[PDB]
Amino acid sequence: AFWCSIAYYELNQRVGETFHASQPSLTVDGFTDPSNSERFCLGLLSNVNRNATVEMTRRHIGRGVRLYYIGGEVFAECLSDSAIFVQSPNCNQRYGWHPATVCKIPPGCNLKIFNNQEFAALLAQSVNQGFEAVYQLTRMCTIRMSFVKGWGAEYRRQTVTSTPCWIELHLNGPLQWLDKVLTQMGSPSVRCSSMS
């Protein structure tokens, strides 16, 4: 019962504690309410080594983004007055572009960032491919979002760690199903030594 946890980052620095969503519809904003099972307020998260750009970008996070669990799908609605970029391997693989594809969500818009059935079907056909193929599906249970600034293909910020303010989502549901398969996939092919 949490359907997803969310971790906030500032560049490549993990900032703040992990937020656990207990409500089917919440919001990740740049405000300071410390106790909202429906509001992951980033404004109250400190970072002793925070630079000007980060601080500046935090100011435009505003009402941020609204994530919400309709049936077996997750949606992200940009409440902020600035765009929010989403990198959902589950969402991209739907339109087809190289999983590492970042999709811009202009203010007032909203995108379907994840679909269970889709994932479950991708987990099923993976069992035949092998341990390795299944172990990598954890990436499919993750979604990365940047606030105000974009990244990836031709925003000269090629990696998330370059953005000032981004967040990572872990879908517990899918992770649990993956785990049940994983504990049955046997052992890896490629081996390893204790000294190397």
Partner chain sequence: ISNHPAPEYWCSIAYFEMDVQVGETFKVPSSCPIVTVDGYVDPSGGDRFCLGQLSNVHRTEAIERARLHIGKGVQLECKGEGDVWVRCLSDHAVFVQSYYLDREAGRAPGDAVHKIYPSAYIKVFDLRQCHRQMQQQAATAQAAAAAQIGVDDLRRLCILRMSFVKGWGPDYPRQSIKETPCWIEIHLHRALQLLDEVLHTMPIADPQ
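Between two forms, the rigid core is the largest collection of C-alphas that superpose within 1.5 Å. Positions refer to the first chain, counted from 1. Compared with the form solved without its partner chain:
- Superposed on the core, the two forms barely differ at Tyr68: its CA moves less than 2 Å between the two forms.
- After superposition on the rigid core, the Cα of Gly43 moves by less than 2 Å between the two forms.
- After superposing the rigid core, the Cα of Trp151 is displaced by less than 2 Å between the two forms.
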Given for the second form:
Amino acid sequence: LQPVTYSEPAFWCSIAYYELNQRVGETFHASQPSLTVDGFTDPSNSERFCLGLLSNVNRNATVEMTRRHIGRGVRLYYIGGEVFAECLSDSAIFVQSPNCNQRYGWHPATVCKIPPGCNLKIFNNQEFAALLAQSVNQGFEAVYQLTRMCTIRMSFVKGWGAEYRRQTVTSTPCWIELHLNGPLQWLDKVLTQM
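What would the structure be for the form solved without its partner chain, given that what you showed me was the form solved in complex with its partner chain?
Chain alone follows, minus partners and molecules.
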């Protein structure tokens, strides 16, 4: 009935931490533009998701070694719709971002790497916007499919898929999943308009 414009979220993302197949802890809701997810035992705050004291009764040896290596972890930034991931950890962080994959022409399930001291724009809203634009023409179905683009997976030390020993994200010891609430809210407004 009219255009549906993107709205900057109040909580740009929700982060769920997992240790293999186990969901560990509770969801962190990012309310600030920056936020770090690390392995330290400090109290968490609006900009810090400290995984150091999250207990898991099913924590095995591998997970224990991986957690000791997260260290400073990953710094996530939301800068005007664009989302960046910076490896503060001394170990690399592996990212499975549908948005980057679409951008670099990689297989939808491709997982890349962000080495220490480096960063990657894990989400480009402009690209997602263009993708959404062509999707509204493919009807309701395709538009709802975009829900996949609003999710990012990240492992703290070990990678997965392609020729790595581990193939599914659930196979990595320490990993988190981000839900970009901005894009999701936009999708909801588009879907309700249909």
